[PDB]
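To begin, one chain is listed below as structure tokens, in the form deposited in one PDB entry.
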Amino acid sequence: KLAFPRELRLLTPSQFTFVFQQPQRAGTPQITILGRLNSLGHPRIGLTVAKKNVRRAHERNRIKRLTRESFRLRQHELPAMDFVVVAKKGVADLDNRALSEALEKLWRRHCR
């Protein structure tokens, strides 16, 4: 079961505001993750790519698609922790292989 329903995506800015009021910061100077412990069990994801933070509008959409595919491909493996991914300016230089391996190393250490 590796589906991707609409209910598994954020649809209200209120939840965004709540998680941004008290975010948990842990990541790298190039890519980082914010989020908090969830109570409903089913993991959730969210995407915030600022035009100022990330220029080259041909990106983001590609980045959104790639990160959504990685999330749905590794939905069950990751714990109930909510996750939101934010990429800094220096991301486009790394290719897809580098991005995939960096995300793999990142998510292979969150062992609690």
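Numbering follows the first chain given and starts at 1. Note that the rigid core is defined as the largest set of C-alphas that superpose within 1.5 Å between two forms. What changes on going to the form deposited in another entry:
- Residue displacement note: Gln21 has its CA displaced by at least 2 Å between these two forms (rigid core superposed).
Can you switch from the form deposited in one PDB entry and show the form deposited in another entry instead?
Chain only, nothing else included.
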């Protein structure tokens, strides 16, 4: 069947800027999420892991894949909105379970 639908990701910088316009922000001192309303009917997610926040590329790939998996899992529940995630300094030392729970809590908060 169809693989991952590219219509659920932020590809061009235009969409990134559109989301960064005036989104609703929510996050912990580690990671934050900014969500805006769109007109496609399905939600979208974006990733933003800078090199200064995380130097090791393996950790960047790990966090990106974890966020994508969490989004794919909680896709039918989240509201039709485009989200963008941003990491900070102090997230590489977090474990998989703790980071997954934090992302789940952030998504539950963004649900409103």
